[PDB]
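Asker: Based on the sequences and whatever the hints tell you, model everything.
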Amino acid sequence: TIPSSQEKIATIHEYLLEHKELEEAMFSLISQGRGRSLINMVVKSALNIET
Amino acid sequence: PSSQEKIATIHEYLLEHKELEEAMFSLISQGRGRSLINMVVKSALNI
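Top to bottom, those sequences are chains A and B.
If you use this note's numbering, the first sequence corresponds to residues 1 to 51, in order.
If you use this note's numbering, the second sequence corresponds to residues 1 to 47, in order.
Bear in mind the hints are in silico, worked out from the structure with no lab data behind them.
A virtual CB, placed ideally from N, CA and C, is assigned to each residue, including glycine.
Under 8 Å between C-beta atoms, here's a sample of chain A residues computed to sit facing chain B: (1) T11; (2) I12; (3) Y15; (4) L29; (5) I39.
Answerer: This is the structure we're talking about:
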């Protein structure tokens, strides 16, 4: 399984450290009970940028 | 909350919702990280 989940998470982690505004924004949504809309929005975008 | 606490919170959420891990990884690795940031920041600023 390549890339592994660990490599995928590591990539996201490094990206958050390079863009702290995204870290703050995700934390804000998740800690305030809005994680589901975060998922929905990002999945849809990923699937469009593919399709 | 410290920055480490915020990352720990995000990390647990990603393990609980693998589609979000996969979708973020796809956007970042395909050079669309900036649009990902913009969308999430906008959303967080409205909420």
